[PDB]
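In structure tokens, one chain follows: the form deposited in one PDB entry.
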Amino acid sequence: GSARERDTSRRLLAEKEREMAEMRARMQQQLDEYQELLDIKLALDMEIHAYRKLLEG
């Protein structure tokens, strides 16, 4: 009755939180890929700065 109501409520919301969990996971993955790209870009600009200064004098 209310046990049935509470069970159905628990299941429906757990299905909803699965779906949300997948989305966070997909989005986290995309953020991680973006982070890597920026990290590499910063590393490269630092390598370029240093290599520039090397060949100054």
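Positions refer to the first chain, counted from 1. Here, rigid core means the biggest group of C-alpha atoms that superpose within 1.5 Å across both forms. Compared with the form deposited in another entry:
After superposition on the rigid core, the single residue among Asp45, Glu17, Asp39, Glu33 whose C-alpha moves by 2 Å or more between these two forms is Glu17.
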The other form holds:
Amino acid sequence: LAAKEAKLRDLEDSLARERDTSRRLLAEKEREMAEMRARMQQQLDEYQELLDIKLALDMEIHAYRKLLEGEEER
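Switch from the form deposited in one PDB entry to the form deposited in another entry and print that structure.
A single chain, with no partners or molecules, comes next.
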């Protein structure tokens, strides 16, 4: 037990340290991923909102076209 009960101490220190480092790092990654997933959802919602505006404009242009067709028809 000359260095055996001494090296076991240095093992448990660095095992505790690795555990701490990897769990804190993982914690950061999950926070960052959840922030990413939230931004992505908001972005899909804003796209859908723009698309609805776009499709309504397409319909207005159809209507103006029809009025113009009546005007110019020979």
